[PDB]
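*Asks:* Residue strings, one per chain:
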Amino acid sequence: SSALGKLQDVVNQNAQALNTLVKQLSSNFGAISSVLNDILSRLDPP
Amino acid sequence: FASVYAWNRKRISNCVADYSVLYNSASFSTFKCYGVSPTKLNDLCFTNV
Amino acid sequence: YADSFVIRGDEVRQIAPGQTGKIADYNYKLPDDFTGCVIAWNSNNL
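Residue numbers (UniProt numbering), protein chains in the order written: chain A, 939 to 940, 944 to 987; chain B, 347 to 395; chain C, 396 to 441.
FYI, nobody ran anything at the bench for these hints, they're computed from the structure. Do not rely on the hints blindly, as some may be mistaken.
Result set (PhoX-like, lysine-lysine): computed pairs, CA atoms no more than 20 Å apart in a straight line [claimed, not checked]:
(1) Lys417/C with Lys386/B
(2) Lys424/C with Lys386/B
(3) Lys417/C with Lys356/B
Far from chain B, by Cβ distances over 10 Å, these chain A residues were calculated [unchecked claim]:
(4) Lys947
(5) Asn953
(6) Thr961
(7) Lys964
(8) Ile973
(9) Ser982
(10) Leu984
(11) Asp985
Positions of the beta carbon are idealized from the N, C-alpha and C atoms, including for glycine.
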């Protein structure tokens, strides 16, 4: 009422991984943008 | 038309004129776009020219 | 499939897989999944 770190750590690890997964949807990896509606708007299909 | 070492720059703004409309005709020798496709220029919007 | 015609001397680069141009956008198109050869030779003597 005034220690559950082993239970807190497995929650934290899973959340830290799920956030890293979503934060990768905003990297270019060597492209002009991160949005498909921006490559499909200033580039021809080829 | 100025020369290559004192080229002249004109800023274009505040207007919505069809690009291809002008590039619709001929009288050119090269039309090379980089980062865009010259057929999708009428769907975009730009900050300056 | 032999497609045979005559063009202006400029838009010989308009017969290519994947492109934009007055000749390519209105009178003749090739798919980007093209497989075959393109031959061009001059003609004002015929």
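*Asks:* Would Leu984/A pass as off the interface with chain B, using Cβ distances and a cut of 10 Å?
*Replies:* 5 Å, violated
*Asks:* Say whether it holds or is violated: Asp985/A keeps its Cβ farther than 10 Å from all Cβ of chain B.
*Replies:* The claim is violated: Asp985/A sits with its nearest Cβ about 3 Å from chain B, within 10 Å.
*Asks:* Classify the label on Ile973/A as holds or violated, using whether its beta-carbon is more than 10 Å from each beta-carbon of chain B.
*Replies:* 6 Å, violated
*Asks:* Given the hinted pair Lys417/C and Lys356/B, is their Cα-Cα distance within 20 Å?
*Replies:* With a Cα-Cα distance of about 28 Å, the restraint between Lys417/C and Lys356/B is violated, given a limit of 20 Å.
*Asks:* Beyond 10 Å on every Cβ pair: is that true for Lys947/A relative to chain B?
*Replies:* 52 Å, holds
*Asks:* So if I understand the rule, the pair passes when the alpha-carbon distance is 20 Å or less; does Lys417/C with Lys386/B pass?
*Replies:* 15 Å, holds
*Asks:* Per the stated criterion, does the least C-beta distance between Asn953/A and chain B lie above 10 Å, as a non-interface residue requires?
*Replies:* 42 Å, holds
*Asks:* Would you check the hint for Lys424/C and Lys386/B, treating anything up to 20 Å between C-alpha atoms as holding?
*Replies:* Distance ~18 Å between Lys424/C and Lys386/B Cα, so the pair holds.
*Asks:* Confirm or reject the statement that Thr961/A sits farther than 10 Å, beta carbon to beta carbon, from all of chain B.
*Replies:* 30 Å, holds
*Asks:* Could you let me know if the closest chain B CB is still more than 10 Å away from the CB of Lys964/A?
*Replies:* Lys964/A is indeed farther than 10 Å from all Cβ atoms of chain B, at 26 Å.
*Asks:* May I ask you to check that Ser982/A keeps its beta-carbon over 10 Å from the closest beta-carbon of chain B?
*Replies:* 6 Å, violated
The structure does not agree with the numbered hints 3, 8, 9, 10, 11 stated previously, though it agrees with the rest.
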